[PDB]
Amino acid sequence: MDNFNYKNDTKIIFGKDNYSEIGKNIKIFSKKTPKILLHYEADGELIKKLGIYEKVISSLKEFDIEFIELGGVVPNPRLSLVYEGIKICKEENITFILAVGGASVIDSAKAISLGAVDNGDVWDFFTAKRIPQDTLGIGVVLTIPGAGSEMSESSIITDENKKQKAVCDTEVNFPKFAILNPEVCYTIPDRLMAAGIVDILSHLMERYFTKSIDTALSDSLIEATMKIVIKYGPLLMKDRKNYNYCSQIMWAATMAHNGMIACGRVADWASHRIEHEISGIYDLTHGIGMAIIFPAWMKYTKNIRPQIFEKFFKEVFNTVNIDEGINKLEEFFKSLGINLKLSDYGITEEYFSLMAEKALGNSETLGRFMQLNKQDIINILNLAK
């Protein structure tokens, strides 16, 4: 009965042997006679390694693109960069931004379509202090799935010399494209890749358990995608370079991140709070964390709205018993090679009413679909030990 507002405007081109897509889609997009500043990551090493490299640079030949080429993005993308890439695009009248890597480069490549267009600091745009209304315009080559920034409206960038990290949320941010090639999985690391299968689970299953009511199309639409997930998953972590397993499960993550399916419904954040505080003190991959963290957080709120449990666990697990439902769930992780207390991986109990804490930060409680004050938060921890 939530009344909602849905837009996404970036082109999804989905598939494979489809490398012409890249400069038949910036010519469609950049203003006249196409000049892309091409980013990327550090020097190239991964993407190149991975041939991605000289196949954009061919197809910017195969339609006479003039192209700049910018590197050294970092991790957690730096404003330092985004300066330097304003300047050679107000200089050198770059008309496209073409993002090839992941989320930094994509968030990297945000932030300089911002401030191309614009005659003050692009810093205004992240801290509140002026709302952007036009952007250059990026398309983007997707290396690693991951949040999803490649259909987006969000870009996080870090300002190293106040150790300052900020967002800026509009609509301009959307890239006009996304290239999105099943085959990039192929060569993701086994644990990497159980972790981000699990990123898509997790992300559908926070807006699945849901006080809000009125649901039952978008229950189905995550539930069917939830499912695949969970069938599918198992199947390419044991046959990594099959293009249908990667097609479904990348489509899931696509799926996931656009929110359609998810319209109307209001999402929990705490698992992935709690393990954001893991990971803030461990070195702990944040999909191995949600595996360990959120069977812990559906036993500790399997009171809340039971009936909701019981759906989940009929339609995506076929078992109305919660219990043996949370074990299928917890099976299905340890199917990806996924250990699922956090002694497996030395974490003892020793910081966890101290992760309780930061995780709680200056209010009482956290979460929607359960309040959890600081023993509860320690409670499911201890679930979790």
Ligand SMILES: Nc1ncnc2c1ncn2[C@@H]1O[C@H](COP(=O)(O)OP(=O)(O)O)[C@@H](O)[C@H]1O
The other form holds:
2 protein chains.
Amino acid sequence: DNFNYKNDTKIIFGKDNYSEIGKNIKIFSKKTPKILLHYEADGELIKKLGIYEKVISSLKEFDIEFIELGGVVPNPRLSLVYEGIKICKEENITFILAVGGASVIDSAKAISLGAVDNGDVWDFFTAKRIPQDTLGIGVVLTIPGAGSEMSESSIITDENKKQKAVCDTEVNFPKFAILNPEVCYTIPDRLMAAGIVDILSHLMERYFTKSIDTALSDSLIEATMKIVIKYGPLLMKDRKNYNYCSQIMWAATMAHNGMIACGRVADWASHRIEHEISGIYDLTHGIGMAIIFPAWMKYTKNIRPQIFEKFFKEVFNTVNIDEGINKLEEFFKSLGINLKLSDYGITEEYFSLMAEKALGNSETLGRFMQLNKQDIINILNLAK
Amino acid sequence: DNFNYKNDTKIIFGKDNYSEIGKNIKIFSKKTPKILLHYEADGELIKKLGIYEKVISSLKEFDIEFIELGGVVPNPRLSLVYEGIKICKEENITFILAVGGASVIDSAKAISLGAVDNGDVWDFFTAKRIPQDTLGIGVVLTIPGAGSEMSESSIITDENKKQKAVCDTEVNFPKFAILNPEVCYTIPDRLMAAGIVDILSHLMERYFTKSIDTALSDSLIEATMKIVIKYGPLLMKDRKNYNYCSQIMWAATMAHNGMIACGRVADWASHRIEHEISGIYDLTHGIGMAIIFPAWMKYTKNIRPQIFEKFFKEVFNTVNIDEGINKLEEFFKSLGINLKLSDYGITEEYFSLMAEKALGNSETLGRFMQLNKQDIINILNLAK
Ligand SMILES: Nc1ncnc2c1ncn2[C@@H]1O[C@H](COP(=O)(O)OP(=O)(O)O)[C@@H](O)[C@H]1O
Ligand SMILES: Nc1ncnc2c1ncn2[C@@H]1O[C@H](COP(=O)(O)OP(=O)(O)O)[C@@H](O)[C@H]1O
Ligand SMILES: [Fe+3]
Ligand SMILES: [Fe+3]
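With the form deposited without the named molecule in hand, show me what the form solved in complex with the named molecule looks like.
Next comes the full complex, this chain leading.
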């Protein structure tokens, strides 16, 4: 149970600090800076929220020239990376400012790769060549989900082949990421609640593990989880509260940190099951992770019951798995979330279809518990 | 209460992995690698422990040429950095492997600065010039104290001026740090116990703070502290237990991480008081941090009692400060440590002298509580 850890992304955390955009562009861009401002669509949100302008007022404040590129799709297209690469070689862009969420942060990362490369950028997603440099990006995050602002991955889709892929390498690490919890305020309720689940789930998938000798790390993952459990409901009912937003945003960041999860095997079973509820139904990840995970832990409560007893003792102050599973259920409902799939008029109709697609060509699925097709149907019946 | 965080030092954590020395030298040294092996004195310990050879067997395993430099003093001298710089320009050393503890890790860092600089290296400790590059170092840590293996500081002393100084900049960050808990085994008892106190103390100095809105971070610092409290005594009585050593070593690393302490004001009062007990008496830091801190928290128990109630609830499972201060006292004794200065035949003789030297030219000392000369004498009388 050894492990390595790197993460060089600079964290600029806090509020009323919009100068550090400029400052940090100067610090990690060569020569004189000239940047690309990247965002989903035509600035429609970042502008409506007032980030756009205060962004611009930072660049002006620092004599930073800049072209803009827009038109990002929620799952972004190499269509537009080929666009942005042309522009960074054409206009000698020396640095890119991702303003938005993970799917512009993703597109930004892939432009930063090709801006510096001689060949085609797919070869870096194709598993053909391993990029050895990028220009470098700074992110201004508007929504604390998934942590692409601090990761080494980029998730793009080739729509004319519509084969999607990813590229995972230490070059993709942002040079810096601005994190202001104020951006949490304008987020809609059901989307805020699902992002609080994503954080807890990210933590639980690493926590529930067959690994041993993990006490310290157990403690840290417990601490973050417990904070998500305490504050998530408060933020839900006090959306503009900077403190509440700071604990939550900071929790999501730490959840994405391999210092606290350090040499322990993550189980992705709940993720994959949910992936296929979301493939056939219009349903938000986080909401599906609140209906499935309790189903899954109910079905896996016999593998290492001790590590379940521990979980619920540390986090819900109780040694009975049943009582604690229900407290976790109750905590999900305290963020607006109905706990069953029937409640979303999802029926048993495609449980079979979903279970086959989840397993694909494998026979089982999972690490904590190896789960086969009928196992998965049982879990879906538990969550019905 | 905003904050920034960077740390690019690569963590290689674990056991039976001595190849990664070689591997990681290849990865972060230009061209073909040729390195400097740096250590205290003439390899006397690292060799006696068998690190020396398994080091060499990694470099041979990787066709890595290398000169050696030895002769480090516990508080190291620019005498020898001027030596090692000459050799890295002379023999085109492209990378340095610090094998040892913080005072060779320190000397290594200062050689890495000058190897790449045109002028004198003092100017980087003098506050005259701000270095903009180093060659780069890898550390193999033999003792988990102070965390210089992951810091940006280097503490050298000019003995012919015998003015000591430091240089703190993002270039000093090791490229990688090998951390194998096995190195804990051979450490002597009183020195292992004091290093367990250094870790707890490092955490407590950041915990006890006038800052607010720090719940998540409170939780993480509690988690680590609580682990140091649970495992430290076990490691003390089972010195070769890899699990126990892994939690403790990993705790010290995290204690040195500004993700868990994030935008909170550290109080250095206990450090400074202890510094002057150690200036006049032969006494190990960690042991003096176990006699002074309880004295100090007794004397500061009225500032924000709530944050004391919290501390002892989360860490010693009790809401009474007195009961908990005594549990912390008892925990110190459970590692071999007598709790009073009288027990070391330290008398009240220089309490006055020590209090004046601690304050220097300032009138008070501290952030949690402003402590004046008599205040400090009171704390020393509490610890007598
Ligand atoms: N600060 C914010 N306030 C309100 N809505 C936001 C904010 N950030 C993102 N969104 C919205 O959330 C939806 C999906 O999130 P997205 O921005 O694609 O990134 P992620 O992939 O990290 O969730 C988008 O339609 C966008 O409208
Ligand atoms: N793995 C180890 N086993 C035994 N003794 C050690 C080990 N590492 C360091 N020491 C000893 O500890 C003493 C002081 O620690 P030092 O190595 O100077 O670094 P640090 O400054 O981090 O404590 C030295 O005299 C050395 O003999
Ligand atoms: Fe997930
Ligand atoms: Fe200290």
